[PDB]
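Shown below, as structure tokens, is a lone chain in the form deposited in one PDB entry; questions about how it binds or moves come after it.
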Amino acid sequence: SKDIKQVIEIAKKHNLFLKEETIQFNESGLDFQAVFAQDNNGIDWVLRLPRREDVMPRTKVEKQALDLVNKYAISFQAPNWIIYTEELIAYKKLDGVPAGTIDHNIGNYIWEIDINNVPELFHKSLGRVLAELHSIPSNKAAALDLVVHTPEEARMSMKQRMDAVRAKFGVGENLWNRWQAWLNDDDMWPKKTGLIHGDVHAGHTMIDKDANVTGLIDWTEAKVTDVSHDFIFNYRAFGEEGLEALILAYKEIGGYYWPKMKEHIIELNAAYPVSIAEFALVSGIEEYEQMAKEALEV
């Protein structure tokens, strides 16, 4: 009840007037508490209540990415932080629903689509969305604090991140030689980079009733690098068929394509343990430590 009252008062201080009976809390994270509420005009909002100091420095990158997408992109919605202070971030909820959500059990997906009959519009729409995203001219930005890689630098980045993980955690033997083989295969690696979302998965892909992707949320991992990261979810969730469907739609609307694109994404997928290990470090959450160690094949 006091939580509810505080939400109302913080929102009110930012001229956001809420229906108290609609206020819903997600379980807080280390960084903020996510809150849902409807305003006095019937409009649904998403609030982030900060739980750490230095809100502006820690959100600079996400906000730069959001600014780029809101300026340039028409095929998808992204959060537009109409309220952006150290005390509150809030945006009008995007249309649609997440295609799936990570549950609070094993962590499997609770799906809004039929995993055994994925609508083909999901892949066609996501391919259009990603092709638009990855061609945004991040260079026209006067200021850019996103990580920015050339193709060569994206490869060196993966090499370094892998060495780093093999030295804090160690890395299984056979997994390493796969990784190193991938790194050393010139023809496999893309010759172009782009602005990526960096955390594309069903929980962040908003869909309409026909499973068109209409929006993307949670842009904290945005950067200019290998576009391949935004294809990984499709491969993991939908296998080779959903990966191929996404690549096809992307290529056919003009997205960057190279002959070994599928094979490269599959090798990047095998490097997924690098990202879990890194999250374990930054978050300090014991569950991700054990998750990282199993994924790294100690």
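Definition used throughout: the rigid core is the maximal C-alpha set that superposes within 1.5 Å between two forms. Positions refer to the first chain, counted from 1. Compared with the form deposited in another entry:
- In this overlay on the rigid core, residue 140 has a C-alpha that sits 2 Å or more away from its partner position between the two forms.
- Superposition on the rigid core between the two forms places the CA atom of residue 70 less than 2 Å from its counterpart.
- Fitting the two forms on the rigid core leaves the C-alpha of residue 33 displaced by at least 2 angstroms between the two forms.
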Contents of the next structure:
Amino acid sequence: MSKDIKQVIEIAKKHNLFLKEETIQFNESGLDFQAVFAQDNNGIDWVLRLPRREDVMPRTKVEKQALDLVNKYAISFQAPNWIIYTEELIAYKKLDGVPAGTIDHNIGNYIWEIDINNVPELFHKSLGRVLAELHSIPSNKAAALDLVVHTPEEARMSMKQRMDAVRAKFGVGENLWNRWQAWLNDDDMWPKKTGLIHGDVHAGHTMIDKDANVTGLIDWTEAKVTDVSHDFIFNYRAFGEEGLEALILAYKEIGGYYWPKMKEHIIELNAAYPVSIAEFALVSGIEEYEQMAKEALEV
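Show the form deposited in another entry, please, the one above being the form deposited in one PDB entry.
So it's only the chain below, everything else dropped.
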């Protein structure tokens, strides 16, 4: 249960947004924020991002820093440009296009806007464009802000540490743990460069036009300079090896950092997705996600 119309009106009013109530539309796809789309009495349309829990707004500090960087240096895609930003409300103008898919909590999966039964080649190609562009923003510009910046070995040690931490808290199935460790311990599989990543790339953030060309990305709380591989994970989860291959190919061809074992490395990172599920469980405190994490970790 989240905020209702009258509550949203009051939050918006406190922030000098005076909404036309009949235009208010709720979008509940986000685990961290309630989203509202609404037009104000000035005829101006808004996205209103309303935090669901105490842990949410503290994670937006880096987000704003990352958006400043991406809005300044990105040329071929849009990102939110926040107009209002307080501990109670973030607001910005809606990006062009529509999300390639959006989570429906009644089924626990996506309602797709693209033909999931035959994904357009332009979607992989253009996501490749967007990611290579993003990942090329100079790391020194991120270091001058409070963003996390990993060298390539720091990215590896960060993964080692995060795994150790989840094992200590939850346990980890022995076979899963051995798989993780064999990946960590295989020098040849790791990237030798890092870049600025989005960190939570998925269909629900990937804005597309009528041709399934990606034109924008929302939700930048996980941006940092680290292993670029994270931004390929959803393509593997949703579209399998073939979809991962298509995205890698496009990224490589347009100038993105590539190394010989990139695909295999990404697949291992996917096998380590339970680390991320566990971390969400701990950060959010949501009991169902603790259960999910234990299942995912094969405890």
